[PDB]
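What follows is one structure encoded as structure tokens, with my remarks underneath.
Note that one protein chain of the assembly has been removed; the remaining protein chains are unaltered in position.
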Amino acid sequence: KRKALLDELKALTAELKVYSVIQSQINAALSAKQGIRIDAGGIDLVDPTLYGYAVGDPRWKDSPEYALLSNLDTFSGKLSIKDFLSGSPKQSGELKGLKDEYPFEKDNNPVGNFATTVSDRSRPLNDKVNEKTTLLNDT
Amino acid sequence: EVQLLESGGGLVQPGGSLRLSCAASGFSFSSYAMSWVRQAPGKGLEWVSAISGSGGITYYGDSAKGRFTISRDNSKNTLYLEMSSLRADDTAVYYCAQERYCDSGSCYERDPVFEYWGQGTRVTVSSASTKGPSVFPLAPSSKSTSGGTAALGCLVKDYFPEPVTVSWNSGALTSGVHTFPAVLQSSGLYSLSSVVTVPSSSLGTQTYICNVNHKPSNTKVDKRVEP
Partner (left out) sequence: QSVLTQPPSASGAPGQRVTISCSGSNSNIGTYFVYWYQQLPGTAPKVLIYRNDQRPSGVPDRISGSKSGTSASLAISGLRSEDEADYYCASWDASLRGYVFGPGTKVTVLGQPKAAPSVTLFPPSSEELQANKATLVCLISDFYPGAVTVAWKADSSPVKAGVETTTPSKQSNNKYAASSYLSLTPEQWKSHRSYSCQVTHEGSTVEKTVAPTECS
């Protein structure tokens, strides 16, 4: 019939889950007065720690999360946050101007501005979620 | 010297579009986020867009239906806004600013307040038809006559564009005449006045007369004074 909009929402949900896990590191790092890494000096996103450990049966390999990550133009068998943010294809559009390591250097203190920048691409996802969920709630 | 510098500004036309832009110098601006702000005559400041253009929908405010938005390139150390489908009201002045001062979080939403500003430029909807003035003089009341001073003048209202020249007495009076750089008003139009000063004993005694030229039409305009 017309299910494709739900599948777009499964994608938006997985997209937001990945951002939410990243923000869950960010808020802890800030609260611990630590910096954060987006590059090959940081973590890789194509890892079962996004939910748990090992292959918890094929459900994780089958997930819209794993599918999207393994689909990316920037995916290589591996993918950093920098490669994910500057990655494609995805519903949010791409983010430019990325660095490498964001230091908790006191004054001008920039780690919150990276969090805010990820929040900036999260706003369109809330907007798209709001409209698409509204249209779905008119289904 | 450390500063920003703008480009793009001046004049625009209805239903079309144009760009404004800002560039940094003396500092390695490099990656710092940027926000846009407007000014108008006789007021301080207001929001035009936050951070990036994300606080910058193609519909203004949180909603008002006007097509304005942005682009960003701190690698070029320079960033941009576009203006389209104009009202008259989009005629104004504009500025941009960078983040800097922030520590320990402290604000716990966005940032501790932003920190440095550009120089900015005028924008004007340049379609208006030329229109000559209405002009009105003064003839002093006897309340002025303690200290014997004929300070008298005239008003020039609701005309477009500038500029103007003023003189008196068949144009034969020229010294001591004051000058008033014109200002735009909520009719959509320019306004100014003038004042000049002589002994009260000469009032109504001589050829006393307001003598004006509106230079965009070159029209001469005049009004007399009587005892």
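To keep things simple, chains are lettered A and B as they appear, and every chain counts its residues starting from 1.
As a working rule, contacts are C-beta pairs under 8 Å (C-beta built on N, C-alpha and C of every residue); 3 or more make two chains touch, one makes a residue touch a chain.
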| request: Touching the absent chain in the whole complex: find that residue among B:31, B:69 or B:144. | output: B:144
| query | Which is it among B:176, B:188 or B:199 that touches the chain not included here? | reply | B:176
| remark: Checked against the full complex, the residue among B:32, B:114, B:159 or B:208 that touches the missing chain is B:114
| task | Pick out the residues on chain B that sit against the missing chain. | result | 2, 35, 39, 44-47, 95, 101, 106-108, 112-120, 136, 138-144, 151, 153, 155, 157, 176, 178, 180-181, 183, 191-193, 195, 226
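The rule we apply is simple: only the chains that are shown with their structure count from here on.
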| note | dist(centroid_CA(chain A), centroid_CA(chain B)) in Å evaluates to 46
| remark: chain A residues touching chain B in their complex are 30, 96-97, 99, 106-110, 112-113, 116-117, 120, 123-124
| request: Using the touch rule from the top, collect the residues of chain B that touch chain A in their complex. | output: 31, 33, 51-52, 54, 72, 74-75, 99-105, 110-111
